[PDB]
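A single protein chain has been omitted from the complex, and every remaining protein chain is retained in its original position.
Note that the chains are named A, B, C and D in the order they appear, and that numbering of residues resets to 1 at the start of each chain.
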């Protein structure tokens, strides 16, 4: 059972694709294992770079194929490099950039709690064990954060053994590969979305109610039609700029709320009026519920928070 | 007639392209067949990974080219791997990611019933038969359904024989290739579309009718012009966010319905008024059909459901 | 003069790029010619697949480079395959997916009459003649037409000789290559565009005129300003969803028509009023041309159909 | 000093990228030079195609690397081809598709005057001279210019010598390479933009002024608020469909003009009214400058043309 020591260097985690639950990662992988000591020119460990590595494979030198279990597609390999030591051991170092997949829940969108994961695992070796895994999240925990879309926490390893129940034509016990699973926790930078989406959306819902502080009945009604046209014009601005998903976020709901608030008003207003014993018998208290559902909406809003 | 045993591992089905009737699939293919027993180093199965496989071909080792009949373009191959057994048999294992095509009907859009299909078939071998086909939809059913856009059911195999009537200059009986056809059934996650499209679109059509509970004639009419401007502003929000198709979905129709509901109102309102024995002889019952077509629209709507 | 027999199999024609006059085609090419009889292992045709073909070229085996004259870029080659017969003849079979160019006129957009073309031609062989050309448009002439964006007709061949008035430093007669030209006729699926664009655009132009059935002068005018704002909001919805072109389509014109219809109204209304012998002397007939240009627009529309 | 004769065949110039000042070009390059006479199988020139050319290089055959000085990225090479004559001379022919750069000024956007340029030049040869350059703009000048986005003129060559002041540690005179510079002049197809942007934008600015032919003060003002909302809704439609640039085009200004015209009106109207010696003494002449700045805008417009 060959002992391999992996070292992942995260360089940048960017491009989150909300719909496909994808995110790009740029960094280097370093794998080290020991082989039958070798005679290296001069003596100081040998250095085989790009084109060359493929040659040394053709001459016997084995190099384990470490697949990235959760990569959509196939990584963009930069510089590959083999460092061969006289005492045997071999060190594989290569830079990569690939799109990884992972279950991502964007339900509370404006305020996300996501976790970026990597998953290394020998592509075709049952007993070729991954020794110790180390990740260098050489990123700035509290240096830059509000210049970047996401805020992090700290690296997180975890080696384990995966069992496939239908591998190759084997019975002895060939179905357990060791998988390195790295985890980086991150939280979304709310700022932008609050000050450009949540806030103004609130002032619209607020100023929505001020349709009651209108005297006439025609004014009280016809104005909610320009108010209706406003929430649509907003849901539009919201959708065209926000990340598409298969479910509704918090903002997606405030938009529905605004739609109900205005439809509610439409009913009351077209009720207070025609709930008359003469015609203009606008129920003085109902037509004046100017503080009834404006706060009765903090009751409908604190139920969406339950 | 060589016997091949295929095993398809579906890893992720994503990126549905409504217009091109395309969808991406990531997974591995495993093909097994038996050859003339071989002398393998040591004696345990041999493993040829990437660069190497191409070399063994140049030394006679035959490896059947299994084409993906319905793939738009040419798959993104990840790690290839040949496992050669001493007793002969060879096992081909490779990871792939490709865009597949298939007839897809998105007529009832908000509520889709689609089926993702794969079609393997030897690219150039008449009598090289596909033995048994197995598919591991190791996706998690009633697990993350509401975090993902599509909900599934269960795998579905089916080997068969395809006959081409104009092959290479051959007449004997060389025109029948065995094709593996895999099928995965899925249903779309309605949620988002209902609560952000169907609903508000309904409240707009509803509040649309409340143009009758207006006293004056000018109000009854000029208000449907801001109502007209609203349905357009909505069809806009809908189109910019929905998947483009060559035909109309359900929602595309609710939008047409709202256009007619408002044009209908325009006619009645500009009829009730000028259908006078004086000037302002608004047919008191017609001007008050405030419950005539609002429910007479549940008759026009239950005919689109006929 | 070598005799080659080509056979093109159209698998899918998709992705029409209106601006670049481009469209993607997936399928296989099959070329057959006869060479000096050969000794094939066993005796049955010798099947050489991918990696291998390039090798047989290095050992003399000639394989004519058949260029796709009208391909933007360079095709995506799938599986190549050489079938060598003992009696000499060689059969080349490969799958391709490429973007082809062709003059495309989208003037009558909603209702297009386009034709997808392919053009094969030896890249470097004057006297290497293309014998007979066959195309298998193995599609459903009338099976699923309303699920797909385009409707077709039937294949269409045509071999010919192209003369380049300036090729190599040759002139005896080396300037005539045989070019296979395939043609597939198709018509656009109007549906969607009619029911989501033409129709509602008409009801907007219609309801546009109902600005005359308004009593007051301020109403008659100020309402066309919300009507003006409507046509713009529509031209917007139209452009964002329609295919960009360098010229105007039919729909691009109905939008111009609506802009004139509303500007026309603006003039009449601000004329009828200030065209008085007292003040509100709205020429009792002009202010009531409620049926003057509404049908006088079917005269302006039947002149755009001239 | 080797004499090379180049021949560029322009096949299609498309995809202009306004922001990066990029445009795609598809065509073939043909380079001819003479070498030490050779023994060609048979005797008629020898034809070397794709894979093979790289082989002949490995056997001494030199082939000059001709770089495309102004190409963003690295061309998409189609079919390469070497034609070797017995009398020595060699003819290189290959098809290419690349994205070229060049200074492009889109200030007068609707009416552009651009020029597409190519620049060939030996990548590493000081005295390897480019003899005569010929370009076949076998595109069709007066063909269907109203189908294509750009209209052309005629080819344009120009060989020259470029001097680099920072080369290898060479002193004698190694710093002058011959560069072929091809130029194709083109003008944009105004049509679409005039009839879908310039025109309606004008009718909006026109009908903008008709805010003065309103009686009341509130009408005169409140209407310019729906007029304001209209210019914004238009600047939106314009931006979303027009090519993004770092500067303003003609249309970008008409939009600014419409913004000033409406802000001007806002001032006058809120001046005429409150510029009194009573309360409603709207300066009968100012409130009636209905022809003051409407033509005084053809003065503001003929100064933007000044």
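Before moving on, here are some points about what is shown:
As a convention for this text, a contact is a pair of C-beta atoms (placed from the backbone, for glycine too) under 8 Å apart; a residue touches a chain by one contact, two chains touch by 3 or more.
Put simply, the hidden chain is in touch with A, D once you look at the whole complex. Within the complete assembly, A:91 is the residue of A:91, A:159, A:167 or A:250 that touches the hidden chain. If you put the hidden chain back, the residue from A:109, A:236, A:247 or A:263 that touches it is A:236. Set against the missing chain, the residues D:57, D:108 or D:298 yield one that touches it, D:57.
Shown as candidates are D:203, D:266 or D:286; the residue that touches the absent chain is D:266. Mapped onto chain A, contacts with the missing chain fall at residues 7, 12, 14-15, 26, 32, 45, 47, 49-52, 55, 76-79, 81, 83, 85, 89, 91, 93, 95, 97, 136, 144, 146-149, 189, 191-192, 195-196, 199-200, 203-204, 206-207, 210, 213-216, 219, 223, 226-227, 229-230, 233-234, 236-237, 240-241. Chain D residues in contact with the hidden partner, per the touch definition given at the top, are 19-20, 54, 57-58, 65, 67, 71-74, 101, 103-105, 123-125, 166, 168-170, 217-218, 221-222, 225-226, 228-229, 232-233, 235-236, 239-240, 244-248, 252, 255-256, 259-260, 262-263, 266, 270, 273-274.
We take it that only the chains that are shown with their structure count from here on.
The set of chains touching chain A and also touching chain B is empty. In whole angstrom, the spacing between the mean C-alpha positions of chain B and chain C is 24.
Look at where the CA atoms of chain A average out and do the same for chain C: the two points lie 39 Å apart.
None of the residues of chain A touches two or more other chains.
Viewed as a contact network, the protein chains form an open path, each link joining two chains that touch.
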